[PDB]
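Below you will find one chain, with nothing else, as structure tokens; this is the form deposited without guanosine, and questions on how it binds or moves follow later.
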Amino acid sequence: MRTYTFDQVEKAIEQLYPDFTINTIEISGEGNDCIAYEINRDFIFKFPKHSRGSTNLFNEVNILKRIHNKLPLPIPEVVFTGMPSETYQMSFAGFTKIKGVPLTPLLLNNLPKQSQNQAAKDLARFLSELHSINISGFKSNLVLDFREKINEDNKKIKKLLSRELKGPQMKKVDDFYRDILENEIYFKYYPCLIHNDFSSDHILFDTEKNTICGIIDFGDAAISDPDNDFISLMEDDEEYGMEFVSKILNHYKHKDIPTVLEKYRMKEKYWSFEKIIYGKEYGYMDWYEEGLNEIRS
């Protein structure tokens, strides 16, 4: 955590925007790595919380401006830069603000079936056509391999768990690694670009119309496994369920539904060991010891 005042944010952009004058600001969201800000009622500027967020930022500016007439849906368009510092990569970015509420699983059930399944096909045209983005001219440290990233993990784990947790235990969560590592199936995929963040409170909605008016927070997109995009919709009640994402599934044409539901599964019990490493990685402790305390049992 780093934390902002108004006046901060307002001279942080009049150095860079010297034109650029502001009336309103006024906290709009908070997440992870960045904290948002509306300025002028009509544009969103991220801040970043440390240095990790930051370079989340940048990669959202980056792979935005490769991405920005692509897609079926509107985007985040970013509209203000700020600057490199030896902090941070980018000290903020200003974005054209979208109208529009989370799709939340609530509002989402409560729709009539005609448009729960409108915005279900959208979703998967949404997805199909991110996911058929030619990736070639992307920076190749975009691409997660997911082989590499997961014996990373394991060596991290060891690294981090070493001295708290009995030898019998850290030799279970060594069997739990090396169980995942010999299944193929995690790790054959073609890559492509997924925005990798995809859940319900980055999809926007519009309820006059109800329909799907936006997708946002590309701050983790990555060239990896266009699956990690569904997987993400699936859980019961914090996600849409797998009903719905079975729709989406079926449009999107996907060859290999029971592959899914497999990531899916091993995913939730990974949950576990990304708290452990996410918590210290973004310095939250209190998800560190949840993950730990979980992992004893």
The other form holds:
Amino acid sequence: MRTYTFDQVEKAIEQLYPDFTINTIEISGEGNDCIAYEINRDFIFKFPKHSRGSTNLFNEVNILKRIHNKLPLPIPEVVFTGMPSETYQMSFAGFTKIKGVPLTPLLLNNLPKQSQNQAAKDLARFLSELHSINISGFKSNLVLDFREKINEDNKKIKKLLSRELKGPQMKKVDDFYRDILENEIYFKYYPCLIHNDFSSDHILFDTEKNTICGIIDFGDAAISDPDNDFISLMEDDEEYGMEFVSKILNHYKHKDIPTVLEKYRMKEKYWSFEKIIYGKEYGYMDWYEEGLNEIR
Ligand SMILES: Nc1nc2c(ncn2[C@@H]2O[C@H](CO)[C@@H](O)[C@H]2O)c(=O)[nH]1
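Mind sharing the form deposited with guanosine bound? What's above is the form deposited without guanosine.
Full assembly next; the chain just shown is listed first.
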């Protein structure tokens, strides 16, 4: 992961947008991929921490441009773009800022009940429209096939951990993968466009109207299992919990809720493995150490 001063951020934009004068810079936020900077208190600029992050930034810019007026909520609108180099697919992107604060579980549970329920209904309508966006014109590259991903994760873990685990420990790893791959329910779904990081940090809230006023952070968006967009909201202290998501599910007219629960239960066991892989692919080593300790 690399880093920026405000000076570098300024000169970068100046190169490509010399007519855009900058008055104020502050850090808005940071994900796994980019630092986000708030320019003119009315524009969010994302600069990539590494080549992987930049590839995700490029994804996000491209998908946003295809869905920009298809959804019932505000999403980030692309106003400025950087350029490709040998290191980054896209050096930066600037977006219109969405005013609001994250809909944290704490905030959500302090709302009046009718507001909490409007939030579930508004999140369901958003998912329902997102999952219906026609995907013909999307890059076949964005398809994430879960069965494929799981087979590739199995090889990656073997090859990462082969000198770190004892043979009986790796055999149990292989058994875990095998059991997952024999269960069809994880792999039979109809691909559609999914947000794929759909959780409280990315759901913006207007505390004067007590209503959701935006969805942000489309860097992980893919064509994949729509159920991903529910399971990411379900974890208890950290996210919303099953009662709230079951309201979303009902508005969405989900027909197979026990399948969503079973996917969530498996994603919960799967976390240690993702920590190891995401660890290395993002070079965050504290995650790697953690998943490995867990696996033992
Ligand atoms: N309030 C607000 N924060 C944003 C916006 N875009 C990015 N961020 C913050 O910067 C982080 C990384 O994108 C986000 O998770 C938010 O915390 C935005 O449009 N409005």
